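> Residues per chain are reported as follows:
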Amino acid sequence: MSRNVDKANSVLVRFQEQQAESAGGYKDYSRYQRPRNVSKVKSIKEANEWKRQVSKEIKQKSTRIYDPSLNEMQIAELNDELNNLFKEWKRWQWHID
Amino acid sequence: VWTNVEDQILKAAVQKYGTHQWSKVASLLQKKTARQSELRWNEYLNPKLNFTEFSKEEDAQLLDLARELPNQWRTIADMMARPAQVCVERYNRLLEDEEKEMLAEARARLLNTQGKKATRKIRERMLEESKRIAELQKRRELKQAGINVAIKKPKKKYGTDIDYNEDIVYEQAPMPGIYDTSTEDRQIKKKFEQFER
Amino acid sequence: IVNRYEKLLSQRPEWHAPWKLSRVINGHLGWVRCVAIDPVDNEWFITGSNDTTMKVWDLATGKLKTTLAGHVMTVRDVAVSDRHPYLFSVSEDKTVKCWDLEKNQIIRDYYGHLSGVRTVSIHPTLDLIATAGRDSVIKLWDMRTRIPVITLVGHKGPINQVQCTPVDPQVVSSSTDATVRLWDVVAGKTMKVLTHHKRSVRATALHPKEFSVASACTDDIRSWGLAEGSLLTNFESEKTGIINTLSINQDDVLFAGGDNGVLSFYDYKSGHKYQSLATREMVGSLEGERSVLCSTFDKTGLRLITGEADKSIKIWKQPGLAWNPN
Amino acid sequence: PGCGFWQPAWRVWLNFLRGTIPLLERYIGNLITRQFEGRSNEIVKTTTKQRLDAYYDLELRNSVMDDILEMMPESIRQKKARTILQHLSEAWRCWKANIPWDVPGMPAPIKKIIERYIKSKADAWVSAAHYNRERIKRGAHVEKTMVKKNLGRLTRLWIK
Amino acid sequence: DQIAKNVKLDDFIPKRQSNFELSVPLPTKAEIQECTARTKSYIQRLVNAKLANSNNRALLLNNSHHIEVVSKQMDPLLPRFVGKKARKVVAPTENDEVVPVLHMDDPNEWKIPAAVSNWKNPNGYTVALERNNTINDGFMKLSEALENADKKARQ
Amino acid sequence: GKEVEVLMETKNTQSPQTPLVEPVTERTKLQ
Amino acid sequence: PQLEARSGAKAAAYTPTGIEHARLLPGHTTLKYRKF
Amino acid sequence: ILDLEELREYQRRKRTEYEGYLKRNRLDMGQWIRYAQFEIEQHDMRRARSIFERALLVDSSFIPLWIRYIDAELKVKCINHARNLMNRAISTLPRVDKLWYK
Amino acid sequence: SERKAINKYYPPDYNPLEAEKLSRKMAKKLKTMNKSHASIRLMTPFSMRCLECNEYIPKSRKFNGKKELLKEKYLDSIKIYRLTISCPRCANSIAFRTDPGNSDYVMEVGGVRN
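Sequence order for the protein chains is A, B, C, D, E, F, G, H and I. Read in the working numbering, the first sequence has 89 at position 89, and its numbers run on one by one without any break. For any residue, its number in the working numbering is found by taking its place in the second sequence, counting from 1, and adding 97. For any residue, its number in the working numbering is found by taking its place in the third sequence, counting from 1, and adding 294. For any residue, its number in the working numbering is found by taking its place in the fourth sequence, counting from 1, and adding 620. For any residue, its number in the working numbering is found by taking its place in the fifth sequence, counting from 1, and adding 780. For any residue, its number in the working numbering is found by taking its place in the sixth sequence, counting from 1, and adding 935. For any residue, its number in the working numbering is found by taking its place in the seventh sequence, counting from 1, and adding 966. For any residue, its number in the working numbering is found by taking its place in the eighth sequence, counting from 1, and adding 1002. For any residue, its number in the working numbering is found by taking its place in the ninth sequence, counting from 1, and adding 1104.
Honestly, the hints are just simulated from the structure, not real lab data. Please note that a few of the clues may not be correct.
As the list claims (entries may be wrong) - Derived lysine to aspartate or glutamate pairs resembling EDC-like cross-links, with alpha carbons at most 20 Å apart: (1) D:780 - D:722; (2) C:357 - F:944; (3) D:700 - H:1061; (4) A:42 - A:97; (5) E:900 - D:677; (6) D:769 - D:743; (7) C:533 - E:889; (8) B:228 - H:1019; (9) E:932 - B:165; (10) H:1025 - B:263.
To be verified - Here are the in silico distance ranges between beta carbons for each label pair: (11) E:793 - G:990: 45 to 55 Å; (12) F:953 - E:915: 46 to 56 Å; (13) H:1079 - E:891: 33 to 43 Å; (14) B:133 - A:59: 53 to 63 Å; (15) D:779 - B:133: 16 to 26 Å; (16) E:793 - H:1066: 22 to 32 Å; (17) I:1155 - E:909: 30 to 40 Å.
Even for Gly, the Cβ is constructed at its ideal location relative to N, Cα and C.
With these hints in hand, go ahead and build the complete structure from the sequences.
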């Protein structure tokens, strides 16, 4: 399990995380992938967390896309990615509450 | 077997590198060998060696040497100040794509005073600069809203060199002290407010 | 001015005897860049070197008494104490060690110098030594408790010789900044900063009977009473080499060794150079090498001992030169 | 099993603990001090086998620079110091190789000084090498790297 | 005038050059003793302080009003000197008085070249190629001996 | 050369004469 | 590169650490003296 | 460099960079003068003055630094301060010709 | 606390099978582990030119690549891998495949071997 990722997703760590989730309510919304279809999330806190995560992602995307080699295609691709992120964020701002 | 472009490249490398560093040079010339490269250099490339012919007296001397140091030919060469093979000869007497590619490579090498750390550092700096400009752009965009510029995060209690004034050394209170200096300073600062505005 | 020159002309110096080579003891396998003698007796003198060793030498015979191997890097300086039977030595390994002489074995490595330490001076009266290195700082040590007691910040570059006087001007430093300082250990500060040199004053020595301190930059040997911290004289050192050593004899016979190896002697206080001596070296050694790096007299004063870069130590036995100022 | 009589063993352990008391008080205590107030400016120590040579070299360089400074007047000397150092290095390399280090622009005195210091270095180096060889011959805790160096250095010397 | 005051002529002048019989006296024995005592007391005190500081074992007035200072015995477990935490501290030099730095008074020779190594190029900065005949009697004599000998053998 | 010449003696000293253990100063105090 | 030579060392005084160094431990409290 | 805040950010960064370069080669004296110049340009006379002083402290025996500082002082028509500085320089170093001449 | 640590501490209630099951349940949700292009450190055997900026990355030069499994194996039961790299100067994704028929590699729309 060299290079840290393996360590992170080693069974023991996972178990610990699960335990934390069970007792006290420590989740790491960084750690899990954000769900595709909203309205399968009855809790508000979770939703908020997800929204926050997406915002963070968007910010990250923004930070990188103004790099100096602007003509490279990665940046262009991200522009679409950025849009997608924005859309997701908007969706997360649903009007149930 | 040695081609002329390759030879030229080798010579260039030697001026770039060093006549006692025959690995890099070898690498530069994909087909020729490290220990061979040095030999080649010794033979043809180095200017101080007099590869050209010489007068009759010299020839005579060489022949005498040959007689009196039975074919101890390197020694003879040394004595002469001449190269060996040439001396011996005298005594006896009495594809394109590859070139293009290698040249390109070689040129890139010799010119670029770079590697991992040199290339990385500048690139990193550039990236940082880009980031900074992006930030500025963002703030410009959101100017109607009140926005503050993000500070460089501290690592272990450092100074932000805007405020505080850094480790100040005195003006040193002298004898002909006059109070206009302060006024002048104030005046100077007045202008910068205007600039800011 | 004419008022001073005339006066100088009028005054005469005393006829100090010349100096001739006596002993040469090629024994070290390295520069011999320190030398010292016993205050109490004048039987032996030790000489630290680029060997890393330091060797002890009987004067009379010239024979090597014994070696001492308590450093790693090269010895830069030593100091046998009058008041105790300790030999302090110091090397560019950053170690200021202390040899008992009842057992010829190190005791108290003093620790604190950040880098190569250049000189020691034991305080004539206290049980305290003083050391200074390229650190740019002269630390004083309590020898009992083997700790730096105080330290002397003033200097702005590496500090070479750092003599100890018994009065108030208790330390007489000498840097590459070309200041030579007078300090007050008790105050934790300087008292007077003699800036009169042009270059690195890489040599200085206390006069035995006269409470003054010759000091030498690249050429001009200044010499000064440190009571006030006031100049006493300027020596005729006009085109002599880079002054390495600057020992003073009991009988006012200041010696100066150069990077040239030209052993130059002077009458003290006069400022009158009264001899030059051409160096010598071994048949194998080169003519550039020969250079008196370290030197000192005996307590009597009839034998000058010069450690020269020939891996040698030369001891020197004994019509004066005409004056002619500027 | 079932032999009691733990006394002497117990005594032994107690006595062992005595020694530790001190060591632990320095050690554990030190650690806790660090945790509360964690050291300012430590000083490394060249009496270590490692770092010795480098340190020595540095010292030599410094000495040479000082000598050169003493020698003659300069304006903006910092720049020149580097050059001097480079020259010294080159000289050393030449010596190692057994190339004569003759540079035409080098003025007699400076050059002479450089030569002297390289001679000194050689003296220090050759002797050291010899010592190492002797140690190796004996069987006296030689470092693998050190031994390799000796082999190389000695070979070079032989060639010379 | 101020400048003059700051740096005076007698600094440059050596004092012995005029008067030779003038000698600086070796300091008075009593005085020396006193000095030793002062420094000895001070250094000893300093050492004591240092010892106290080391973590290993083994009255006043303000204004007109009088005030008793005490030192309370802190608990031996808690850090002795709870103030200190190994802080970096830059100090100002604070040299208000000006040091007088006094002094006195072929350039092409003393200039030194910029050498280029045959072994090293830190920057990789290329450069336009900056990188006895008599032999002893033996070498002829020996040859003569040899060839002649050979000839003799042949004949 | 000149260190060798005339009356002035050069001493080659490899070996230390007096032993290594023996003291360079002694401190005897009452029999 | 940063593999670099040097110009000068240092000596700056901070607050002492109060650490129990091994060598600093007491030893040879008795200083010897000469006879006179 | 549109806004004040932007300028500050830039300036700050520059200062930091200068500091970094100093911390290594404190005894350089080219860097110090550059820093001083930068400060002058920025029209923070205090800062520039401080920098020059610091440089002087590092290397008092360096005439160029002194002269540049003097020039800076004079440049801002701040003669009295400049005069004082000159006097100080003179006091420090009499046997240098140049200060007196200046 | 030390790389050769024999036994990692477990809580007093740690049904190992149960724990494993739990992990599995929270592996589909997991971000890392449920993805492709897992990282790797590799030297470059091909010694090739980056097709965008012509940067001549030579043999044995070290990179932090991404190894990903190619679903279409060679023959039957011997896998082949895509090994992503970036050129030093320009950030173009070079990669290569390991077709073991020739005991060597294949370039994959990154650069060209020479």
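> Determine for every hint whether it applies to the structure shown.
Checked hints:
Of the pairs offered as hints, the one joining residue 780 of chain D and residue 722 of chain D holds, with about 18 Å between alpha carbons and a cut-off of 20 Å not exceeded. Of the supplied pair hints, the one linking residue 357 of chain C and residue 944 of chain F holds, its CA atoms being roughly 12 Å apart against a limit of 20 Å. Taking the CA atoms of residue 700 of chain D and residue 1061 of chain H, the gap is near 17 Å; set against the 20 Å cutoff, the hint holds. Of the pairs offered as hints, the one joining residue 42 of chain A and residue 97 of chain A holds, with about 11 Å between alpha carbons and a cut-off of 20 Å not exceeded.
Taking the CA atoms of residue 900 of chain E and residue 677 of chain D, the gap is about 18 Å. The hint holds against a cut of 20 Å. Note on residue 769 of chain D and residue 743 of chain D: the hinted pairing holds, with a Cα-Cα distance of about 17 Å set against a maximum of 20 Å. For the proposed pair residue 533 of chain C and residue 889 of chain E, the alpha carbon gap of about 17 Å is at most 20 Å, so the pair holds. For the hint pairing residue 228 of chain B with residue 1019 of chain H, the CA-to-CA distance comes to about 17 Å; that is within 20 Å, so the pair holds.
For the given pair, residue 932 of chain E sits about 17 Å from residue 165 of chain B by alpha-carbon distance, which is consistent with the 20 Å threshold. A threshold of 20 Å between alpha carbons decides the hint, and for residue 1025 of chain H with residue 263 of chain B the separation of about 13 Å falls inside it, so the pair holds. For the hinted restraint 45 to 55 Å between residue 793 of chain E and residue 990 of chain G, the CB-CB distance of approximately 49 Å keeps it satisfied. Between residue 953 of chain F and residue 915 of chain E the beta carbon distance is about 53 Å. The supplied range of 46 to 56 Å therefore holds.
In this structure the supplied range 33 to 43 Å holds for residue 1079 of chain H paired with residue 891 of chain E, their Cβ-Cβ distance being about 41 Å. Judged by the Cβ atoms, the range 53 to 63 Å given for residue 133 of chain B and residue 59 of chain A holds: they are separated by roughly 58 Å. Separated by about 22 Å at the C-beta atoms, residue 779 of chain D and residue 133 of chain B satisfy the suggested range of 16 to 26 Å. Distance hint check: the CB atoms of residue 793 of chain E and residue 1066 of chain H are about 30 Å apart, consistent with the given range 22 to 32 Å.
For the pair residue 1155 of chain I and residue 909 of chain E, the supplied restraint of 30 to 40 Å holds, since their beta-carbon distance comes to about 38 Å.
Taken one by one, the earlier hints all hold for this structure without exception.
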